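There are 2 protein chains.
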Amino acid sequence: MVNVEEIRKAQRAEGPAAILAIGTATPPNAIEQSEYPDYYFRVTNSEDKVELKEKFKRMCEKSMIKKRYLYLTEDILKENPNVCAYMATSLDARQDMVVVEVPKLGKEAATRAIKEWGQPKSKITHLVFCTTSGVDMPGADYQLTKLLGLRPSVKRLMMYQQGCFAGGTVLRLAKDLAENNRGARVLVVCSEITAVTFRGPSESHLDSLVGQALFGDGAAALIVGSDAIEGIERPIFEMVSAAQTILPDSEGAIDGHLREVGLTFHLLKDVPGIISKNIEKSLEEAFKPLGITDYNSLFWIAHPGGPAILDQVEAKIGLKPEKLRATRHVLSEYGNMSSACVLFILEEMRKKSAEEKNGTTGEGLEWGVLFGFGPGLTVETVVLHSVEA
Amino acid sequence: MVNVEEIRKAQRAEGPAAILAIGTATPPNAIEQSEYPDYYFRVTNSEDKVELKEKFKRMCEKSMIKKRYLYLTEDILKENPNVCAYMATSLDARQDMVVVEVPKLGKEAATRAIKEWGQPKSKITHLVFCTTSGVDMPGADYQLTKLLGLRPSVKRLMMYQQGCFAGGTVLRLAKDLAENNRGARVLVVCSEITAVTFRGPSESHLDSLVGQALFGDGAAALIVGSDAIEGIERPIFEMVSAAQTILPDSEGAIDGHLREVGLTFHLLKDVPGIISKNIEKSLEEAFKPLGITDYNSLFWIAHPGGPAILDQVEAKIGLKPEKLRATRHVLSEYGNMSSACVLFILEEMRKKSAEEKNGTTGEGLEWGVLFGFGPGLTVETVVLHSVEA
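Protein sequences appear in the order of chains B and A.
All residue numbers for the first sequence refer to the entry's author numbering, where the first residue is 1 and numbers rise by one.
All residue numbers for the second sequence refer to the entry's author numbering, where the first residue is 1 and numbers rise by one.
These are computed hints drawn from the structure, not numbers from a lab.
You can't tell identical chains apart in this list, so a pair holds if it fits in one copy or across any two.
Cut-off 27 Å, straight-line C-alpha distance, at most; resulting in silico cross-link-like pairs (DSSO-like, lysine-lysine):
{"hint": "1", "residue 1": "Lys288", "residue 2": "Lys121"}
{"hint": "2", "residue 1": "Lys9", "residue 2": "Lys123"}
{"hint": "3", "residue 1": "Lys281", "residue 2": "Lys146"}
{"hint": "4", "residue 1": "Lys146", "residue 2": "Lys123"}
{"hint": "5", "residue 1": "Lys146", "residue 2": "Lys269"}
{"hint": "6", "residue 1": "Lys121", "residue 2": "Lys281"}
{"hint": "7", "residue 1": "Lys288", "residue 2": "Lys123"}
{"hint": "8", "residue 1": "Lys281", "residue 2": "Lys9"}
{"hint": "9", "residue 1": "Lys146", "residue 2": "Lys277"}
{"hint": "10", "residue 1": "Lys288", "residue 2": "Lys9"}
{"hint": "11", "residue 1": "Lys281", "residue 2": "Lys316"}
{"hint": "12", "residue 1": "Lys104", "residue 2": "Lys66"}
{"hint": "13", "residue 1": "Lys66", "residue 2": "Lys320"}
{"hint": "14", "residue 1": "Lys281", "residue 2": "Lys123"}
{"hint": "15", "residue 1": "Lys146", "residue 2": "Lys115"}
Turn these sequences into a full structure, and let the hints steer you where they fit.
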């Protein structure tokens, strides 16, 4: 009767997966980085710590961040004083905020992506939801499904407690979902809210302090699919390959623990040095098979974990000073939004390329690379193809 | 130069994903269910609550569970008295146990699966790790990678805080990973440790009490891959399709929150009734395309959330009394091991089928169905194809 070989050929999709739409959203309130050290040491009641404040001023001035959007307001902090301490029990209060706000912000981003896409919500077949802020059952994927009114039977993948590399991961995931399933349209959402990590300062833990200087909130959403319907859907970027690796002997370079005091962060040794030392190996594995050896001929998307990472990668690889313009722009305007960052950078890049009338969505270039960096020292490497503009 | 269309055709695999190996592992200590009511009310210092103890006795006697394996021993509870209270802050103590024990147990199962597979560990290209017990960064996937000595560059998917349906989810995930990537061999691990949910009894929360009667520990591992190398690798079950849906108007049927007191569980209304009312719709969606309408002609794997779910599905669908033998056997010998359960049942089924000299790994039958049930009231439905013996 029926053969699994024929079933398999019919159920799989045809060509490479493409990003068909992008949307972004942030909390309403942006705080200027120039103002943040005064603000932070005030609402954490740490004005006594003059030495520490001077270090944090340097951190914020060095961050190359102009502003960040933050769900956490002074009013919310007044209501939650255990969140303001370096270490006070506050996991429940932080969860109460984030289990609601993460899918809410994610919905805002998704609605925008779906608007650009222009297709009925009912055509979405898959949902990949990613966050590093909070956990619950059922998860944020379920909540977003309900908020948006997606079909029941949407195939969901809930990616919790992922960390900063996961912008690459959700792309790796959506690629396989879209390419292996003929009519698949994958909604991808990364939604990040720093209420789970915000805390007061400790002179014993300066690395936690740098986190307070860098992390901001935001959500990004994509529609990903193979075999775009002509005249109706329009690819923006196509995916070619997606890799992931653990950088050698980088054990506790970036750690995060979910405790009674919320999510703690540890950031040790030469994270910028570790990434810079190793990144060319990931470049070569990705591009040597394509016959590409000049990395300046690529359009670049890198997770802006901090400006020192970008600077040292640029110096190591010998990138022209403007290659990381898009990445530095979202670092400047949004700060480090963990997993969502890299997707904001894709949006920045295709918008700027259009306004500057480059020939393609990737700054006029054909091939590009997207990097996520995060705990494990994990690096995600996605090879992208631009589309003619 | 090179065209992405040809690259795509070369980089994807040919046939359907197959389970190539199965391994399981449990903590060393099993507690007889006949002894559990006395034990539990003793170590939680609740012997005063005679009324509640009799209720719990009814629960354990009704559970159709003979024993469970438990990482938590009386010695560990004595060292962690805040875990024994119904409500005491204890998340840190539970995380400390589970962030270590979950990948440790997973490694045991994985080593067993790899032994059966018989191929070098270095041939593993992907790792899907699933747990509902604890979260950390980097995750249990990173830890398992380090424990097993997998290649860096193994492509990892860390599935946290998933719940009891996730045995289905990891199959759904591994299917797309294996089928979309030509040489891919996917290590799948589900590892579940109930130290995160163990707590004392409360007459105000009887639904928490049923969890104390049902949940046990365990880990299961699979190797999944397409295009098995003939004479070297041996498919056990092949995957045909994988679906996921949210049962209508089942809102708070199964909830779990991760709080300062650990993981709390809420289990409301007629979970068995909700599942039974809706399950034929998932059967029909899965099997109508294959021309199959007699659900007794399938080999069955169902998540044993409780014996009432099994009994009511059986009655509703009109299943022969022996169809759920394999599922009921692992319920009896292991209890409810959340996401790992369904994988233990696959192992039971193919082992029993072999010892009974049935014509196939699925009790002599060609087609089968695997169900995962969990929060959202989510049901995962996987269509399986057995292999000749």
